[PDB]
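Below you will find one chain, with nothing else, as structure tokens; this is the form solved without its partner chain, and questions on how it binds or moves follow later.
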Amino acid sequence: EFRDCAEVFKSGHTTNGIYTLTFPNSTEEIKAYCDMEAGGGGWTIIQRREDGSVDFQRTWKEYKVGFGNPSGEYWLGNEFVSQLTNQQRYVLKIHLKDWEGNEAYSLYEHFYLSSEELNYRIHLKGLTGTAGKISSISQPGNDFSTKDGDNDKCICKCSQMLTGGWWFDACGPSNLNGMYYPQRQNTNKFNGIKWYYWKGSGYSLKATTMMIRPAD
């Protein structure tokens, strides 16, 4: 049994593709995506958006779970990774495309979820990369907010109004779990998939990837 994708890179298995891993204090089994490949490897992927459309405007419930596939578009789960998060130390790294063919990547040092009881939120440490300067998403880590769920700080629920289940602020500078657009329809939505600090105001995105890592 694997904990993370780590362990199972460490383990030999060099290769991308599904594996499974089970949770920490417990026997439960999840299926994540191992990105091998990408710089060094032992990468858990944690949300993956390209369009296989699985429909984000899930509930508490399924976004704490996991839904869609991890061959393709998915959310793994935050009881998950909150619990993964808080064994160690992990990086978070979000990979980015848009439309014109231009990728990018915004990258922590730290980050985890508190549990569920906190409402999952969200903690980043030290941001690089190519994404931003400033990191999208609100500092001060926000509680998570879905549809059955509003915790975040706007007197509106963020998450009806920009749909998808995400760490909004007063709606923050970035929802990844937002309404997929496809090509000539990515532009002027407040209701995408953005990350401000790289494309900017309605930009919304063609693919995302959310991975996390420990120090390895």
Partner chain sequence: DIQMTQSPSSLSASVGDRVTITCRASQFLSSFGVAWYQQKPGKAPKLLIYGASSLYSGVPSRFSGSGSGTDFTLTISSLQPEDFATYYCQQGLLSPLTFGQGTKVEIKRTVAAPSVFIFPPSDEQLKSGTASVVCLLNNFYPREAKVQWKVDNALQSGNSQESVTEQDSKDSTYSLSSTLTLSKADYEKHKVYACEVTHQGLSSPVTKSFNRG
Given for the second form:
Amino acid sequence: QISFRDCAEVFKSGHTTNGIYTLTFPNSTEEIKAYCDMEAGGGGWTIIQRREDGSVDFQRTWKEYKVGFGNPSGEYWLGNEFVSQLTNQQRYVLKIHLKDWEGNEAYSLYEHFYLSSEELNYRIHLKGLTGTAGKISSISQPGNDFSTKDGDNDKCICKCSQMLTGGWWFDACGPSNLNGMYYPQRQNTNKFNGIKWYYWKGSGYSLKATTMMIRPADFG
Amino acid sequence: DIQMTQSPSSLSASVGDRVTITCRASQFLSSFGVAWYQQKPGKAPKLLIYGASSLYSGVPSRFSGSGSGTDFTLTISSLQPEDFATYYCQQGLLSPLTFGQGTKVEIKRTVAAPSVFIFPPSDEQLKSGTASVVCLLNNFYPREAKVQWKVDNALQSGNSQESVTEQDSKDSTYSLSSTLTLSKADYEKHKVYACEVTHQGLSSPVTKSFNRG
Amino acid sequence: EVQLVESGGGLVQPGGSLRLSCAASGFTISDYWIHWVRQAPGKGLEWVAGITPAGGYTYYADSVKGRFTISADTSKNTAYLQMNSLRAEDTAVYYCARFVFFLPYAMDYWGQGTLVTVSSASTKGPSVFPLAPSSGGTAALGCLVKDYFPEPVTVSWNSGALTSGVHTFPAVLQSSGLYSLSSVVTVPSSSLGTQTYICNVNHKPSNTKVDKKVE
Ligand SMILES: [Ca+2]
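Form solved without its partner chain already given; the form solved in complex with its partner chain follows:
Below is the whole assembly, all chains and molecules, this chain first.
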């Protein structure tokens, strides 16, 4: 019944199999179910977001984004509270894998990623972008506060979350939204409110699959 | 405070030409927030293109828009004479919502010389102690014209003012009025009142005159 | 039909104040945003202020911050622009516009515009003088609308019956600080005598109406 704060600890303890694991909030006894990727780039990855089929509704409240929703087996959002707790304890990298509808793949990697507390609206902090999914960060820098349909913290006179759909670190509104509307195979182009990552696929292109994952920077 | 840098500031093109106006944002803009407006003289602006590339209802399909990120374009694929206007981009996302500086679209047509006319000051205005002499240059292209006032063959300076009509929205011509302002005393002292016109459509300068005063 | 009607314009002295109104019809202002935009003589369109009537959130251009207040009364379905500490460069045609915040996300309907003049100069009606025809196919004649303030002046020919070949020139500010313009028309030389030519000059700021026959 041993506790692990993340998938790197799950891995280090000898659990090197991909699947769902029970994680423990730091300095707490509260638990959360995350999916662990033990293969990709050496393993130890905690998935904080996954899109793949459009089965889960991402137009959720501040509370649902703070706590988490969906299934760790399929589409889900881990939870802002847990990720902010985890990422403030030690330095994590953020890896983002993307799939278009034409059979291609690309990724973005950040040397440092963390979320501020709920008081600071879970504002994103990102450094050192590498990868094949753009040479400029699709998440706007410096990081914006997080915004939901019931929480306008963007830099837009509009409500980015209501216009683009889902919770995200919208700017005005910024070059990304992996939490936007899922569009199928022939309805994925010229969609302002889709699953967007501008510096890879450009304007209004809605992605087929997305995965956001974290691992301590000192792993390996 | 997003800057919208619009170029060119002005352009002149013929009927049937494809024209493109560019607008560069100082930061990434969501394409849904970019619009193009047309403003004819003394009329309110009119929405042309919304969300960077959508044609607004009531707008002819010769108007189109494209781009994303920081680079947005307005295209007029077949320039019409009624398209004479200033065009503006705007971003309605991040306060303050400052417009581009605008692009003045002028219609290039075949050269047309002005029909010149002179008007001596009225007897009524002479009672008021001021003489206004008016020169009219009618329905000409291009707008650049040179008007010189000669009072008894002496070339005038600093006592005239001119006004140019806005480009005609059908035949693309201009009209110009030149007004020579003299006091009654100064007017009475002279006899030959001349107005000399230099224009592309004229082989040699055209002088229109009268005598009195 | 959607309409926006602005009112409250006119002449004010520098440092003075003026309230503009934007009366909506055919729609509810709380379902949209109301923005004010202006155009100063010979300058580009300038965004001034914006209001979200459902909430009262306000936004302003730096050029007017601290001096202008945008507000709205949802019961009267009207928005306002309270303009204080007015400056000469505030002189412009002010337009209010409906900003749609769902798609199309732009200003689809605009008002007609209201002229605001910021000057210490007094209101003055124009003097109308004839531009008598020359000595032949076609002839030119007109009217000199001299020494008026502020703008505008409207000129028609034969109470609107004569429109073809009419050129009313943009006003020019003279050395005296007063405006002047000419309105001209081209007519057949044969039409002289048999046809009467009267220009109708109206200067609403000084309630001056002048009719003038040209010969
Ligand atoms: Ca906002």
